[PDB]
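Novice: Given next are the chains, with one letter for each unit.
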Amino acid sequence: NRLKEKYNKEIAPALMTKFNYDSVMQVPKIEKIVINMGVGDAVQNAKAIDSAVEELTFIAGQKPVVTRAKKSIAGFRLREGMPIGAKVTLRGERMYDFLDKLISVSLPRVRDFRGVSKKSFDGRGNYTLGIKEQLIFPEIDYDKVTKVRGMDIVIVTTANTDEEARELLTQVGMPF
Amino acid sequence: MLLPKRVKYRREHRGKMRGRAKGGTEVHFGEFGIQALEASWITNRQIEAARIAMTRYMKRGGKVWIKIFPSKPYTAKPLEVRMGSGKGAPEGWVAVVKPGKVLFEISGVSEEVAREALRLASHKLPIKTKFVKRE
Amino acid sequence: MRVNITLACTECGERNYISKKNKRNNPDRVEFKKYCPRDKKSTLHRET
Amino acid sequence: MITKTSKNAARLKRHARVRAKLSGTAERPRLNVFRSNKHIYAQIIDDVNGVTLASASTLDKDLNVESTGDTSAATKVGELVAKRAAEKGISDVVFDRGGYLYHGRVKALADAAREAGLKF
Amino acid sequence: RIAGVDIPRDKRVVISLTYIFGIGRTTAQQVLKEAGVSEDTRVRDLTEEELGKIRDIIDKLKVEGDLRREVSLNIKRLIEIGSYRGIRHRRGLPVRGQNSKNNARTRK
Amino acid sequence: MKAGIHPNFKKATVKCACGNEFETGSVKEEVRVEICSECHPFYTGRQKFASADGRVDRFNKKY
RNA sequence: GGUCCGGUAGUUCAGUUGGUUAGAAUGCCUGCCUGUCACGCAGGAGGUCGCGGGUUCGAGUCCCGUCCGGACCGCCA
RNA sequence: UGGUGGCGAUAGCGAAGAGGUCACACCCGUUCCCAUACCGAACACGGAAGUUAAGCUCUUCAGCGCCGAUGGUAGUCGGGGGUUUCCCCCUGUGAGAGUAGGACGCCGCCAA
RNA sequence: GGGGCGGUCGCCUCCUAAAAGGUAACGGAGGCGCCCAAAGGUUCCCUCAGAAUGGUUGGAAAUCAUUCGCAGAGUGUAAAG
RNA sequence: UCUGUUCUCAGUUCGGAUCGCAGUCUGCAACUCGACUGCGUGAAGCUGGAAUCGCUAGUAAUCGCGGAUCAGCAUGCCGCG
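Protein chains in written order, with PDB author numbering: chain c, 2 to 177; chain j, 1 to 135; chain 1, 1 to 48; chain l, 1 to 120; chain M, 3 to 110; chain 6, 1 to 63.
It cannot be assumed that every hint is accurate.
As the list claims (entries may be wrong) - No more than 20 Å apart at the CA atoms, straight line, and that leaves these computed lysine to any residue pairs for SDA-like:
| # | chain 1 | residue 1 | chain 2 | residue 2 |
| --- | --- | --- | --- | --- |
| 1 | M | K55 | 6 | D57 |
| 2 | c | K30 | l | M1 |
| 3 | M | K62 | 6 | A50 |
| 4 | 6 | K48 | M | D68 |
| 5 | j | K124 | j | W93 |
| 6 | c | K133 | M | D8 |
| 7 | l | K38 | l | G89 |
| 8 | l | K7 | c | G124 |
| 9 | c | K64 | 6 | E29 |
| 10 | j | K22 | j | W41 |
| 11 | c | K19 | c | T162 |
| 12 | l | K61 | l | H39 |
| 13 | M | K64 | 6 | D57 |
| 14 | c | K30 | c | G124 |
| 15 | M | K55 | 6 | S37 |
| 16 | 6 | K28 | c | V146 |
| 17 | 6 | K2 | c | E94 |
| 18 | 6 | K10 | c | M26 |
Derived from the structure by calculation, the hints contain no laboratory data.
Start from the sequences, fold in the hints, and give me the full structure.
Specialist: This is the structure:
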């Protein structure tokens, strides 16, 4: 919200001038911020996913969906039909409300921090985070936490190449 | 001794031979080649013997090309048995060679020695042959 | 295993339909709604 | 950018799916709908000869409203196309949603046609 | 909490703060003495200003996120300098200098 | 949204120990972040002022 | 030449059926015991399943072929 | 220019370039209809801030894909020979991977 | 392709099969003696397998995000359509 | 040892091993190869299988204190309470 208004006011004009897009609305934009959860279950502990779901709901703004595994694999003893992982999508005002928490408090609150992954990009503007702890905002009832597994986080943009997204994330406020 | 490392079936019809070869009728990789002017079968032992008769004589002169593969197996019932009651086991691989097919080709070697060496090897094959060279 | 069964009804005793079923999957006495001929309408058919 | 398929492109597949089952013959023509962002179109089509019979639209040259695309416009255009069928009266048609979902302005149009008396 | 890590919430302050990798008993007692925190209090009941003004002091000393990496690059220096001390570190045998014949079991 | 399943989400003010204020919405209502983006060492542009960092390889016997 | 069996720790046999776990004696190793050895008492490691191919989420244990041996038959003039 | 049909992709895929007052489409926000096995991108909902960027519509091209007889042959119906697992002659018949080239659209009906 | 012994005896898929159908052999390859209260009926909506790249616990593969991708994937099971 | 304050049963304020940093002493000399000290660190260990040892009261069990060896080097030995 705050960020978004700022996105309308300062970010889009600045980088539109910096790249010379003839059409203004061609400017890159964050499309979605999506969360994935994965629990080594195959089932290892049936309560693991049944805990991760309603901790991730607090972490995000709304309930996730339990991911239905695609195909069976005996390497992990993962039979097809035993649920693993959970997903929640975020967009609209919610994605900016989420990025707000992240950039302002979460990354600086990591057990240790330096500049985020230098070349985590995929190649076409998408970009991913691997954060190991659930310490995202400090008011989680953090004493509840038994397992320490953090989040897999993907930010998806309308960028067509890595350079523009790299530049955009700067004034969005991500360190590198 | 060219084994096909695998095959879809280990038994199939003997088939028939009619007309010229479908492809590979002229030299394509070597300076000179050898051609067969009637239809017949050709087996691992034949190609192996001819190959050795070629290369061991030619020594360091160059390289020899083989355009043949005995993908076809052929069966034979066990010795001393009444015929019938199931196709016999397979014990050899064979390559169909219609007339016009060029079998072997030589590269990087003088003309006369290739001529006489191909003549030498031809006696290993059971088939009337004709010397042939690239256009 | 699949075992034969004949269907029955409470609206009227006369019932005729047959079917197959798995004991493991349906241990309970199953119900279907079907057209009884002699009652000349649709009714709820149990099994015997 | 993220490969977003055209909305009309997605709609065309559904429209072809539904069209596969039915079409409007002589004395049993087919109604059709376009649910454009800014306008609503209606058409009475005879498949076999490949020509329309009568049509109606929000941007028709009379009876306009500031809606021109909302449910009120759908009702008005529906009764309009009902009259446009009436003068060369057909009295029956096979409905065919334009690969849409029968809940909204399409329902308003269908209700208008029915109450006007085009027996589906 | 105190510096990127937790602390037990129901222990005396002097002992409890020692849990962060980088300060032991003596360092903790001297720094809490400099702070004036009474040297004995369950960390549950303490005030916000005193918390904050004990944060900055320990931040201006090196703590786990930096000492861990620094000790590692120090042993790295010993490793690739080619020292005898370095190769003992590499192989995992005692480095301070001990008779490896009999005990030597604290390592390996 | 399907009413009820999601937790109550609402405006949630943010207060850091430095006093920095931020206009957030959250499942919660008030959060006490100890250190914020305006304070954390790497986050201070480049260690502007939240720092204690010196590094040398030295060799000095002159006393 | 045909039909049927099997092939597992270094040796001998279970499992080999339970498709989703490799086990029991002996041997071997360390220690104790004895003056020494042997018994004996504590502990411990092992094979990853004759070979190759295939089905299956998963093969030791299912189906094929190859090697190995073992059982039976190979008769009428 | 939109809508909606028939035609074998000679209509496709690519590479470039033009358009938008109107039409279309992106867009704006979920207030109530409806919905996201999580969500207003998607479903629907009610507007019209700005944009031809994309879609869509037009101009160009043989790079790919596609279509394509002419004479050849291989095969082959029916006759006739031969030293006959296979070859050859005569009346026809006629392969396809190859080029001659066609093509980067043609026909409609309702609304401009 | 004498008997005995061995093997087989019904049904389903393909090739042998000679561009309709049919067509044998102790000819060449497989399967069936079920299963499914939904794996049926209907309305409505989409779209695959594999690969590359980023992502931790987590690799060759678990679960994510982008792109390519006429069908390689699926279709209860054995082959063909 | 006695007195008093805290700790409240944990691999813990037990245990202190091993480690990097910074020093002191002696000796020409402390890398192989001393001891001691300030930091940081904090390991295994939560009463030890089969077996086995010393001890008849100032003994065993604990607690320290000296001394030969000699610049420094003692958990050993000798002796004392």
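Novice: Please flag the earlier hints that this structure goes against, numbers listed from lowest up.
Specialist: 1, 7, 8 and 18
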